[PDB]
Structures are given as structure tokens and as C-alpha cells.
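Following the hints, position chains X, R, W, V and C against chain L.
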Amino acid sequence: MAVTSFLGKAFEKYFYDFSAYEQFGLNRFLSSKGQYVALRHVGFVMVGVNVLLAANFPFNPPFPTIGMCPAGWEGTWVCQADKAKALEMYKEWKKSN
Amino acid sequence: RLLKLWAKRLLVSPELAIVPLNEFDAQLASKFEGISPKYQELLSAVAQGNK
Amino acid sequence: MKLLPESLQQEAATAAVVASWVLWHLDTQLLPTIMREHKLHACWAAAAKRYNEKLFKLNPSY
Amino acid sequence: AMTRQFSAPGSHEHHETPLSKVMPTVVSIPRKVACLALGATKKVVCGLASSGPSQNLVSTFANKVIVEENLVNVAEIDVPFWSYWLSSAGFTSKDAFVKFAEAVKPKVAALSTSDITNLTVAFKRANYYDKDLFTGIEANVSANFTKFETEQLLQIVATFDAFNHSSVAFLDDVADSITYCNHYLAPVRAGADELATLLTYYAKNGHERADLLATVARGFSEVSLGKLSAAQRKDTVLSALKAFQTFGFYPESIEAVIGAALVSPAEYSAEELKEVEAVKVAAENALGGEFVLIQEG
Amino acid sequence: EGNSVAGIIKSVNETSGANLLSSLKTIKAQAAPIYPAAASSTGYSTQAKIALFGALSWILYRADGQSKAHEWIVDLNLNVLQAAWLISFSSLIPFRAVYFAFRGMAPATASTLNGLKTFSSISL
Amino acid sequence: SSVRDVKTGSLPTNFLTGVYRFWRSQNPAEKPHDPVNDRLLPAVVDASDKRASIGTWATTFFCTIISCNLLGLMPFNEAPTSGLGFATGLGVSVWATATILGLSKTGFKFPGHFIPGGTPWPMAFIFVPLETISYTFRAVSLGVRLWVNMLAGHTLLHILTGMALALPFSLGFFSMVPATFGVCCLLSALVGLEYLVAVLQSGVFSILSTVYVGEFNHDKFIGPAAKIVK
Numbered sequence: 001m002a003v004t005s006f007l008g009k010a011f012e013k014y015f016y017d018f019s020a021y022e023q024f025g026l027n028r029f030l031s032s033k034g035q036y037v038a039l040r041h042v043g044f045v046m047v048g049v050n051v052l053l054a055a056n057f058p059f060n061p062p063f064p065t066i067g068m069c070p071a072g073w074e075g076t077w078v079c080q081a082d083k084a085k086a087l088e089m090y091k092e093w094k095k096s097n
Numbered sequence: 259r260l261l262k263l264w265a266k267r268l269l270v271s272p273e274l275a276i277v278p279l280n281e282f283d284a285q286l287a288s289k290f291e292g293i294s295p296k297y298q299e300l301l302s303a304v305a306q307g308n309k
Numbered sequence: 001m002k003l004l005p006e007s008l009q010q011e012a013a014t015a016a017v018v019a020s021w022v023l024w025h026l027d028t029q030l031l032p033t034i035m036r037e038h039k040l041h042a043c044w045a046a047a048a049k050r051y052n053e054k055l056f057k058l059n060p061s062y
Numbered sequence: 025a026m027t028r029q030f031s032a033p034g035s036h037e038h039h040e041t042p043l044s045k046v047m048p049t050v051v052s053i054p055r056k057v058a059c060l061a062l063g064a065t066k067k068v069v070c071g072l073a074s075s076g077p078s079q080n081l082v083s084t085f086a087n088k089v090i091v092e093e094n095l096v097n098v099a100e101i102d103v104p105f106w107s108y109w110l111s112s113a114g115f116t117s118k119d120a121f122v123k124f125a126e127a128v129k130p131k132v133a134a135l136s137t138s139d140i141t142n143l144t145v146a147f148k149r150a151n152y153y154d155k156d157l158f159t160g161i162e163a164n165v166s167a168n169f170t171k172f173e174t175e176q177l178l179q180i181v182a183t184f185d186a187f188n189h190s191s192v193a194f195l196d197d198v199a200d201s202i203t204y205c206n207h208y209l210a211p212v213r214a215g216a217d218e219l220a221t222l223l224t225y226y227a228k229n230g231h232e233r234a235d236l237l238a239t240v241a242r243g244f245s246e247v248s249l250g251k252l253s254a255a256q257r258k259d260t261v262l263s264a265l266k267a268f269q270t271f272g273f274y275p276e277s278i279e280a281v282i283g284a285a286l287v288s289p290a291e292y293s294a295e296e297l298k299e300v301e302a303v304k305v306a307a308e309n310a311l312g313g314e315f316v317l318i319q320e321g
Numbered sequence: 028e029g030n031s032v033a034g035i036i037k038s039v040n041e042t043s044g045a046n047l048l049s050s051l052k053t054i055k056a057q058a059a060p061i062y063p064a065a066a067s068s069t070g071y072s073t074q075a076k077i078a079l080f081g082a083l084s085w086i087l088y089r090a091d092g093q094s095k096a097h098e099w100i101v102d103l104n105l106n107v108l109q110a111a112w113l114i115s116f117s118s119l120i121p122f123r124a125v126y127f128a129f130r131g132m133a134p135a136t137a138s139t140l141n142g143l144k145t146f147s148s149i150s151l
Numbered sequence: 095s096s097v098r099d100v101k102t103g104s105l106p107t108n109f110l111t112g113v114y115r116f117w118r119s120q121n122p123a124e125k126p127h128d129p130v131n132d133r134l135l136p137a138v139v140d141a142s143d144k145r146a147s148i149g150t151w152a153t154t155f156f157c158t159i160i161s162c163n164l165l166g167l168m169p170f171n172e173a174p175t176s177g178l179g180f181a182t183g184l185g186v187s188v189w190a191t192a193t194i195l196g197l198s199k200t201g202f203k204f205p206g207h208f209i210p211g212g213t214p215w216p217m218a219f220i221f222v223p224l225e226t227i228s229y230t231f232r233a234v235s236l237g238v239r240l241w242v243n244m245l246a247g248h249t250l251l252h253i254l255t256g257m258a259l260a261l262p263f264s265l266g267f268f269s270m271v272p273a274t275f276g277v278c279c280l281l282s283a284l285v286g287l288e289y290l291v292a293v294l295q296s297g298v299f300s301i302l303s304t305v306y307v308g309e310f311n312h313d314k315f316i317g318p319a320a321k322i323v324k
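Protein chains in written order, with UniProt numbering: chain L, 1 to 97; chain X, 259 to 309; chain R, 1 to 62; chain W, 25 to 321; chain V, 28 to 151; chain C, 95 to 324.
Here chain L stands alone, though its shape is the one from the complex:
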């Protein structure tokens, strides 16, 4: 249906015609356009990392943290090393909250 054909025309203009590098005039600050896109990707990565972490911040990390804590917790079930014990501590915290 038309709704799909419209999105095709719109995405074409975005891919070719709409460039933020030109509309913001970043040529004043950046050396080459080929390098600008590299920074845009690293930004996309950092954005995605924070977004995925923000989707559900209250969780015990599966990865081994190197002696560091997220926030003023340091002793909550989020900070427990062994996951078997952490599950029991989280269940108690969850039924309360």
C-alpha cells in the first residue's frame, strides 16, 4: 500500500540529499568528510551502549567487574560476586519493592 511506497521515496532523499555534515557546515571544523563519518560511528556505538544499559540498569552484571561499583550501592545484590547468592538477595529486595 501507498504508505510503504512513500517511505521509499523519503529514505532516498535522506540517504542522498539530506546530509547533516552540510546542513551544519562541519567542514569548518573537520579535516575531511571521510573522517567525519568515522566519528559519527563511534558516537553511535557509545550511544547504543548507554541506551542498552539504560534499558534496565538495575541488574547484576554477568561480566566480571574489576573491583568497581556502579553507584552508591557497593553492597547490594547488584554488586554480589556469586550469582547463586545474588539471586536470593534480589528476590528479597524485589518482593519488598
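All the given hints hold, so there is nothing to weed out.
With a cut-off of at most 30 Å between alpha-carbon atoms, the simulated DSBU-like pairs for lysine-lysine come out as follows:
| # | chain 1 | residue 1 | chain 2 | residue 2 |
| --- | --- | --- | --- | --- |
| 1 | L | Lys85 | R | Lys2 |
| 2 | V | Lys55 | V | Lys144 |
| 3 | W | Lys129 | W | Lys171 |
| 4 | W | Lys298 | C | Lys321 |
| 5 | W | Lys251 | W | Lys66 |
| 6 | R | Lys49 | X | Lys266 |
Derived from the structure by calculation, the hints contain no laboratory data.
Chains X, R, W, V and C only, in chain L's frame:
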């Protein structure tokens, strides 16, 4: 009859008109590779059409 | 970590099936098309010298 | 321990096989390998059992399948199909082939090239000739000679050679199809036995086609001739050389045909070798050179 | 369908000399090769819809397993790192230059078709 | 029954065409001594029949492996070659294929080719057993090399991503950026290397196949047994 003869040629191969009839003989040679290149490349290009 | 799979024969049969399908598809679908296009140009380029000469001997138009 | 002590010298002697006698003495007179090759050959010779009595049993099946028209109308379906496999099993009955020719005649004009070929091959095995059927067949081939393949036409021609039947229009249409409508290397895959049959067919008809002869000559080679039986090879050579001498055409590839005879002349008689050398000198004058045998080494 | 050259010859021989010049444009069009016109617009092919449904289903099946997997957060972040390179290739690759590069790989398309010449086929 | 129509000059066709020509060039045919003509043509055709279809086989392995490797780089996907049996099965199949090919035409002389050329005849004994083990070791090393690359790269990315994720999780999402920025660049460069490795491994595997199978892709030319000179 002469007109009908040439019409068949120009309908299939209109590019023959770029070489005048009186100049046709000055291009011939005993070997095909010996033909004068004055029109060789031009005919090949016109044969591809208007685009 | 995961070192050994659940079945080695299952993994090997999967790879062989895929490779066999690609081989069949290549000989039956890809190569006939490729050769039809490739050999058309190659034959003309290789014969153009002898083809035009043979034709030049046959037509009495000159 | 002892297993390794024995394994090492066992392999040691096996390592001498891939040498042009580099060591002081390796090659042996007994040549035991000959026994191994002959042993395998004996088994296939037995496998070639003809089972001639069983041909009668096959005839019974054929009679109790298609021949009883009460079960199925023979003229309704596909004569080329059933007749192809029935003759393949050895069922060659002239009376049944008569019914087949009458059943297929109204449909020959609509048969495909593959069906026409199989139908023709079936009649060759049966050695049955029907002038009216072959007339319709040759009309189909002449009308669609561009669609036929050399592998098919060679089998068809072999039937036209078994019984002496030819048409001037058919002869040219077949020659044109093989020379121009088929790949110029197709004779290499054909086999010298089929090529000699085609040559004899045109030679007996006196139809001179130098373009066809130049194409067919490409199929003759040491590789193709070496694959035939010694008896079949002798007959193939003797018939091919006669056709070349009849038209007076001597292509360069004829030296492979002659070399096959001179490498094993014990199979040929003095009168056969005399005419072979007669063609040899005739070709040497035509090609402007001298015949020399090449030796491996 | 007969050959167009035979149709031209018959048409030219049967036409009158008076209306020859005017009718040449019609005969030229009558022998023009067929160029099929654009058909009615269709949103998606039946096979194309199946392809989209199958690709989505495979993605969801894999994503569901990854989410239920151990170190599930790592898997989802790995997908982002990979997806970033897909965007980079679409931005950095000079597809026009690449198109000519692949076109130059095959001899049939790296050069023009050199064959039959005009002088050899002149019909006089 | 009705086959589809294909547009000439299609991009996928041209790419596949050059790929075949490239791999076919890796095993060039040996130039005969005699001039190639109608007399020599049947012997050349025979040589082509004696030659193996390595060009067809090498491109088959190249396309199927590169496709599996690229799937491991797509989001929400894993490489089939990351499984031990999948990747190793291809290497064993290649090694077994070359073995069967050599044993077919030359038979008992196949252990013969294993001899290194130019070796002093008395010394040779101690050399061929080690080379025999090396030949059989190709079956393993060929498939393991492919498998390890697909496994170690994915595992390395897993461990490093866990260590990288600890920084924004511990030092806040938007509190400080410079420490997480530097690790994001290294990770991005590693994925870029994985893309190159996928192309490299698929090429290396196909190259090795052309080298190993080419070792037995040699036969003596059945030249003319008779010739009319002058």
C-alpha cells in the same frame, strides 16, 4: 526499383549514408585489414545508434 | 566454553549438504548463464579477423 | 616394538616402485603386476554372460504386456518409448515391429528429436526395414536438421548404413547439420567406430563433401582408437582408409589411423598392409612429407 | 512470427513509389523490436513477501535465543558493533567505482563488443 | 519447467565470472611441445578430461565458506564455521577428495609422488615417512585453521566486550566519556579486522585446495604416436 533497393539498406543500416557513394571505391583494398580507417571507427560508432 | 558440539556427524552432514547444493546450482544455473554471456563476446573478438575476411570474399557487392 | 621393526623394511621395498631404475637393480623379469591385471580381467569376462536362454523369458513378458491389444491399444500411446526399452532387453520380433511401424506412422511428424533417435536405434537392433516409415523419418530430419545433435545423427546414420538407403537431400542436410549446426569438436566424444560407419555411408554414395570430411577427421586419434576392441579396431581402420582413398582426401589426422595399424601389424594380413601402405604413400604425396613412427621416451 | 527483414522487403516491394518516402517512417516502426511497456504497479511480489517473513522470523528466533542465553547483554551489544560497520560500508564505499571494477573483471563487459564490421556486410 | 530470464551484464554474474577466471588461472594448463592444431586437438581434449575440475571446486568452496563467514558478522547471527564439526568437515573432505583423485589415475604410484625430487637415493628412506605424516596432518590443520579463526575471534570479542562494558556501568553512563571512547575505537577496529579475516580465510582455504589438489593434477601428454614431418 533503385529507390526500393536503397530503402532496404537504409532501413536496416542507416549509417551507410555517412559515406558518399562516389567515395566508396576509394576505401576498398585486397585484404579486409587493408581498408582505409577513415570511416571504419565512425561507422562502428554510428551503428550503435543515437544514444 | 562450548568446545564439542552435540553431534559431529550432524555438523559435517550440514556442511556437505550446503556445499553439494552450491556445486549443483553452479553447474546447473550459474555456469550455463555465465558461459552464454562470456563466450558470446569471446567468440566474436577471436573470430572478427577471420570472419570479416571470409565474408569479404563471399559477397560480390564490391 | 617388533611391529615397528617389521613395518620399516616392509615399506622400504615399496618405496622403490616410483623410479626409472635409479637403484642398481629394481625392475624384475617376473612382472607379477601382469597377474593382478589379468586376474581382474577374468572376472569381467565372466560378467559378460549373454544369458541367451533368458531372451525367451523376456519375449514372454513383452507378449503379455503390449502385444495383447486386448489390454491396451498399441497405437494410442508412445511407440518410441516402449520399443526403445523392449529392444534394449533383446526382444527383436519382426511381427511386433510391423505393428509398431503402423502404429507410429501417423505421429512421426510430431515426434521430438530425442524420440526419433531412440525409435531409429530400436529398428537398428531389430534389423527391420520399412520403406514407408523411413520415408517419414527422413522427412522429419530434413525439416528440422538444425535441431538434431551429432550424437543422435551418428546413430541414425548407422541405421541408414545397415540397410542401403539414401537420399541426396538427406545426405546434404545431415552433412550440413554436423559440419555447421553442431560443435566442431563433437566427433572427439563420438568414438571412431561411429565415425567410420558415417564415412562408409557417404563413400558408398559417392557424395563428396570436403567440409564434412575435415570435421569427421578430427575425431580420429590414438585416444579414441585405443578404446575399441582389437578386432573392432582393425575393421574400423580398414573401412575408414577405403573411404579416404575413395574421395582422395588426406587430412593430417589420418596419420593416427595408420599409426594404429603399424604399431600392431601382427593383426593384419599382407594384402591388408599392402593397401594400407598404398594409402600411406598417397597421403605422403598429398601432404608433402614422409611418414615416421614416434616412440615413447 | 516471421522475420522483420522479410516483412520490410515485402512491404517496400508492394508499396508505391509515390507514397514510398512518406510510408518509410511507418515501415520502420512496424519492424521496430518490441519493448514491453511498464505493467501495473505492484507493492510486493508473493515470493518477496515470504522472504521478508522468513528473514524476520529467523532474526526473531536468533534474537530470542540470544536474549535467553548466558552473557545475553554481551550478545546484544555485539550486534550493535557489527551493525555500525554495515553503515560504514554504505557510506565509505564508492559504489560507482566498484560497479566499474566488477564490470572490468569479466572480458565480455570490460570492453565493447568487437565483431562484424559494416564494410564486410554491405549488400550491394 | 519454465526457466526464468536473465538480464545480460548483471552485476552478480560479472562478479562470479571474474571469480571463476581467477581461480581457474591458479592451475594453468601445461603448454605442449607440438604446435596446437587439428592433429593435436583430440589430445588436448583428452588432457582436459584427465584434468580435475579444481576451478569449479575451488570457487564452490570459496563462495560457500565466505557466505558462512559473513553470516558470523551479521547481527543476531553466528558463523556456521564456528562449529568444530562444520569447519573441520570441509578440510577433511578436501583432503579425502585429493587422496581419492590421486589414487584413481596413478594407483600404486600415488605413494610415489610423496618422494621429494632431487633427493639422494640412499638418503630418501628417512624422509618420506615424515612427509607422509605432514600430508595426513593437512586434513586437520586445514580445517582447524578455519575453525580457530571463527572461534577465537568471536570469543576474544566476547571477553573484551565484557571488560569494556564494565567502564560505563561503573563510571556512569553520561558521567565520564573519555575512558569508554578509547575502548570503543579498539573494539570497532577489531570487528573491521574480523571482516578482513573472513575474506582472508576463505581465500587461504581455497588457495590451499588449489595447491594440494594441483600436486596430482599432472599426467603425461598422450602426444602423436606417428607424424608426417616436412
